[PDB]
Each structure stands twice: as structure tokens, then as C-alpha cells.
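Form solved without nicotinamide-adenine-dinucleotide, single chain, as C-alpha cells, below.
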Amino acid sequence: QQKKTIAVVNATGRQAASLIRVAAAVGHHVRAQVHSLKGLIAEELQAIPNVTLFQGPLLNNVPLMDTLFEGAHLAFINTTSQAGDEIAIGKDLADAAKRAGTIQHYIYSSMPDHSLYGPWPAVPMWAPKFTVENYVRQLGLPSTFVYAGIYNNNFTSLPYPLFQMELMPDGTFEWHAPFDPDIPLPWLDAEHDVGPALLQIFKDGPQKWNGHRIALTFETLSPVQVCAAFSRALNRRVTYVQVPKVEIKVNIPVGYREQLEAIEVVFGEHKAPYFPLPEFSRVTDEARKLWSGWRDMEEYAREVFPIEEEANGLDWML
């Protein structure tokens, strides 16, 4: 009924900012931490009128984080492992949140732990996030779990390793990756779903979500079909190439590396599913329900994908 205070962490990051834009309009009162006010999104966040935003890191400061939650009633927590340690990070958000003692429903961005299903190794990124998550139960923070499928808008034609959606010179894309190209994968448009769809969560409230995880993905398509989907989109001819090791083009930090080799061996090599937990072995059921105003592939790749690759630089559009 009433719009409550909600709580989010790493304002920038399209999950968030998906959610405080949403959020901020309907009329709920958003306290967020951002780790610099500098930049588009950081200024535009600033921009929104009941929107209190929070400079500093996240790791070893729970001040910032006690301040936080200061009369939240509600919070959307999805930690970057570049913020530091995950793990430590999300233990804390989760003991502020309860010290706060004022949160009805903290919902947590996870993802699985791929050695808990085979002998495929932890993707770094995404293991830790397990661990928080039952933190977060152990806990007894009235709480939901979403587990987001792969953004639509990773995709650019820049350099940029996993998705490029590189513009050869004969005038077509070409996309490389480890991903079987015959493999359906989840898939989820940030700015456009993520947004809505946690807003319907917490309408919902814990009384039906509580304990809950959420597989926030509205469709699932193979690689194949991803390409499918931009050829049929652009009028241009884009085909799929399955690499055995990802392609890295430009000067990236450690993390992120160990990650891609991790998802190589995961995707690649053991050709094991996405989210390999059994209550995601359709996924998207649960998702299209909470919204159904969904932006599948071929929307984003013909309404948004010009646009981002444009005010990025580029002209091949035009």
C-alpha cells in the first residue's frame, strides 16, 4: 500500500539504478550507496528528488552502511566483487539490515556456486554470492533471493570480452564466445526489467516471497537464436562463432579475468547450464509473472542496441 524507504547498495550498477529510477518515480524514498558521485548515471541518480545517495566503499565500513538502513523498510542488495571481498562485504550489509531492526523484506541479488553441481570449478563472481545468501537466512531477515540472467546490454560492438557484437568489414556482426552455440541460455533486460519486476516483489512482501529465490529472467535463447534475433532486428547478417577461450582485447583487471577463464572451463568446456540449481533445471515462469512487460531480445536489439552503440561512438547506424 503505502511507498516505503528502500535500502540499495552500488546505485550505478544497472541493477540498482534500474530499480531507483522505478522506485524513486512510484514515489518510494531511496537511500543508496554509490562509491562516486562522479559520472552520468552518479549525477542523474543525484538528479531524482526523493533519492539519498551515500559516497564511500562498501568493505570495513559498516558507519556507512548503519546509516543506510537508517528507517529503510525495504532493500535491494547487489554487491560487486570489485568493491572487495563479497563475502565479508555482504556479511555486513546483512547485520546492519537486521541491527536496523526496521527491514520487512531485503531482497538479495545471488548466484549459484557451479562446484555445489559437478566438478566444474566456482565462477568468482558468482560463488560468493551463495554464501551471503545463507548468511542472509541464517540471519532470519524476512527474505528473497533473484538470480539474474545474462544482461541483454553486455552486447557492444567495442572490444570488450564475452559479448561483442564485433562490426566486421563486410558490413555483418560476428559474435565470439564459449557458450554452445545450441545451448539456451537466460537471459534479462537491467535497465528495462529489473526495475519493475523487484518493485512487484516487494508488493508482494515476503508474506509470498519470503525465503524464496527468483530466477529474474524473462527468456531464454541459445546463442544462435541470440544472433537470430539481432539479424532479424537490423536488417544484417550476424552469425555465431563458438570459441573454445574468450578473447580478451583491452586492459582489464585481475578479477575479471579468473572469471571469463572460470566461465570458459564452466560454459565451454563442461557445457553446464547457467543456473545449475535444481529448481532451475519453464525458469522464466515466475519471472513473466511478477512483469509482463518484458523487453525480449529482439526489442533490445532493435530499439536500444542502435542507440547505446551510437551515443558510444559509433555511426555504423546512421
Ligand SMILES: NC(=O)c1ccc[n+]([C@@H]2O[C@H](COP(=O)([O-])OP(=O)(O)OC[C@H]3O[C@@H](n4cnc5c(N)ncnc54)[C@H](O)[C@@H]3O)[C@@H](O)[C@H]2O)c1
Second form
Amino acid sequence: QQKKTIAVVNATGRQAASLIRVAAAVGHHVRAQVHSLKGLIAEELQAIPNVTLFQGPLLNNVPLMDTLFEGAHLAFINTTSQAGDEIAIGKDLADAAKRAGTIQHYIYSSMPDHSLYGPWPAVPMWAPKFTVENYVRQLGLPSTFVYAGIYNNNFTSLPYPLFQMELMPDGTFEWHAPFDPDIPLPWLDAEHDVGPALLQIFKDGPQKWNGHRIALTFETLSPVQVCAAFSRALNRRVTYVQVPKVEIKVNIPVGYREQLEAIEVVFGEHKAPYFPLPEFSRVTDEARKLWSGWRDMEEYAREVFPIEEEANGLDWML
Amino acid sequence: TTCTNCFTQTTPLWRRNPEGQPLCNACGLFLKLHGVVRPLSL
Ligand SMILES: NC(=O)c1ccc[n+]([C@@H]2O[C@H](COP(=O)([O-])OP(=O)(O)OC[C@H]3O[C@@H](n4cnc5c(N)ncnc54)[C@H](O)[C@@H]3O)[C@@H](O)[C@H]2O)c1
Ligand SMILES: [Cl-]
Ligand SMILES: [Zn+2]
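Show the form solved in complex with nicotinamide-adenine-dinucleotide, please, the one above being the form solved without nicotinamide-adenine-dinucleotide.
Below is the whole assembly, all chains and molecules, this chain first.
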């Protein structure tokens, strides 16, 4: 009923920003930690009225966490490895949240630890989250865990890793990834659907979701099918090409490399599920039930891809 | 057609604004559930 105050970290992150825009819009007050104030997203969030920002790093910084949860009734927590040890940060955040005592619903965005389901290795930017999930549960915080699917918007023709929908000379598009071309993977339109869904979860309350794990994915497509979607949306021919490794065409930070190499082994060699957890092994049922207005890959493909490209610096759409 | 809000032309179902304006599924459903127009980025 009443609109409560929500604590969010990594405000410029796609999941958080999506939640923040819709939350502030409907009347919720937001308190969010951002690494930097400079930036398009950053600047935008600053502009939104009831959005109070706290600039500073999360790592070994309990004073910031305490402030963040002051007067906070809800919380959506999604940390990024870039900020440092996600386990130590995720645990400090949970501690502060309980220490605040006003949190009635703590939504932690989690990810699987693949080594717990097969001879597979632990994807370094995923596994750590599963540990924090356990720690949240351990404190007794009324919580809910959401597992995000692969973002539709990771796609770009630009030379960025793993999800480059490259523009070939002959005006065609080709996407090179380790993923099996036929194995359906869970996708999610972060900017379009994370916010609405999170709101619905908060509106539902812990009375329904407490302790639950929810797969935040609204559609499952294979690398080939995703390619099909782009093709019948841009009028051009798009083809998928399974490559043993991730083509790093630019200078990426060390931590992000380790991540990809792991992705290569899990999805490239072993062809393991994105969500290897038994409860997730349709997985999209809960999400669609929480939010019926999701954006599939085709709409993303036709309505957003062209637009993001142009703004990014490309004119193949003209 | 075209959503009056997000301007998308691709949507699984068209809905309407209390005034008569066409909104896509998401925007229409969002306004109905939360009371305000679906905010967009940028
Ligand atoms: N991309 C996907 O498809 C996908 C799917 C499931 C889970 N995830 C998980 O999502 C998490 C990331 O969350 P997101 O998608 O909401 O964010 P994001 O990838 O959209 O971006 C995070 C933003 O925060 C900034 N940032 C955060 N800490 C920083 C620091 N210490 N120094 C400089 N910049 C910093 C980044 O540069 C960037 O602008 C990851 O842990 C990832 O494993 C991603
Ligand atoms: Cl941030
Ligand atoms: Zn719309």
C-alpha cells in the first residue's frame, strides 16, 4: 500500500537503475550508493527528485552502509565484483541492514556457484553471490533472491566482449560466442523489466516471497534463436558462430578476464546450464506472473538495438 | 500503431489511455498497476 524508502547500491548498475527509475516515479524514496557522481546514468539519477545519493566505495566502509539503511524499509542489493570482494561487502551490507532494524524486505540479486552442480568451475563474478545469499538467510532478514538472466542490452556492434553483434562488411551481422548455438539460455531485458518486476515483489511482500529464489528471466532463447530474432527485426542476415573462446578485442580489466575464461569452460566445454540449480534446471513462469509487460528479444532488437547503436556512435541503421 | 509513451511499435498487445491514446502492453499495464506513466531512461 504505502510507498516505502528503498536502499540500493551500485545505483548506476543496470538492475539498480531500472528499479530506481520506476520506484522514484511511483512515489518511493530511494537511498543509493554510487561509486562516482560523474556519468550519464549517474547524472540522471541525481536529477530524479526523491533519489538521495551517497558517493563512496562499499569495501570496508560500514559507515556508508549504515547511512544507506537509515530509515530504510526496503532494499534491493546487487553488488559488482569491481567494487572488491563481493562476499565481504555483501556480508557487511546484510549486517548493516539488520543492524538498522527497519528492513521489512531485503532483495539480494544472486547467482549460482557452478562447482556445486558439476565438475564445472566457479564463475568468479557469480559464485561469490551464492555465499552472501546463505549469509543473508543466516541473519534472518526477511529476504528474497532474484537470479538475473543474460541482458538483452549487452548486445552492441562495438568490439565489447562476449556479446558483440558485429557488423560485417557485406552489411550482415555475426555474433561469436562459446555458448552452444542450440542450447536455450535465460534472457532478461534489464532496463525494461527489472524495475517493474522488483516493484511487484516488494508489493507482494515477504509474506509471499520470504526465503524464495526467483529466476529473473522472461524468455529462453538459443544463440541461434536470438540471432533469428535480430534478423527478422533489422531486415538483415544475422548468424551465430560458436567460438571456443571469448574474443577480447579491447583492453579489459583483469578481473573481467577471469570471468570470461570461466564462462568459456562452463558454457563452451561442458555446456552447463546457466542456472544449474535444481529448481531452475518453465523457468520463466514466475517472472512473467510478476510482470506481464516484459520486452522480448525481438522488440529489444527492433526498438532498442538501433537506437543504442546510433547514440553509441554508429550509422548502419540510417 | 505507436505507443504514446515509449513510442515502441512492437508489442504483444495494445492498451489504451483513459483519454483514448494507444499504449503498449508494458506502459499500459504499468500505469494501471502503479498509477503513473512508465518512466524511461536518458
Ligand atoms: N550482464 C548480464 O547478463 C548479467 C546476468 C546475470 C547477472 N549479472 C550480474 O550483474 C552484476 C552487475 O550488475 P548490473 O548488471 O546491474 O551492473 P552493470 O554491468 O550494468 O554496470 C555496473 C556499473 O557500476 C560501475 N561500478 C560499480 N562498482 C565500480 C567500481 N568499484 N569502480 C568503477 N565502477 C564501478 C560500473 O563501471 C558500471 O557503470 C554482476 O555481478 C553480474 O555477474 C549480469
Ligand atoms: Cl554505481
Ligand atoms: Zn509503451
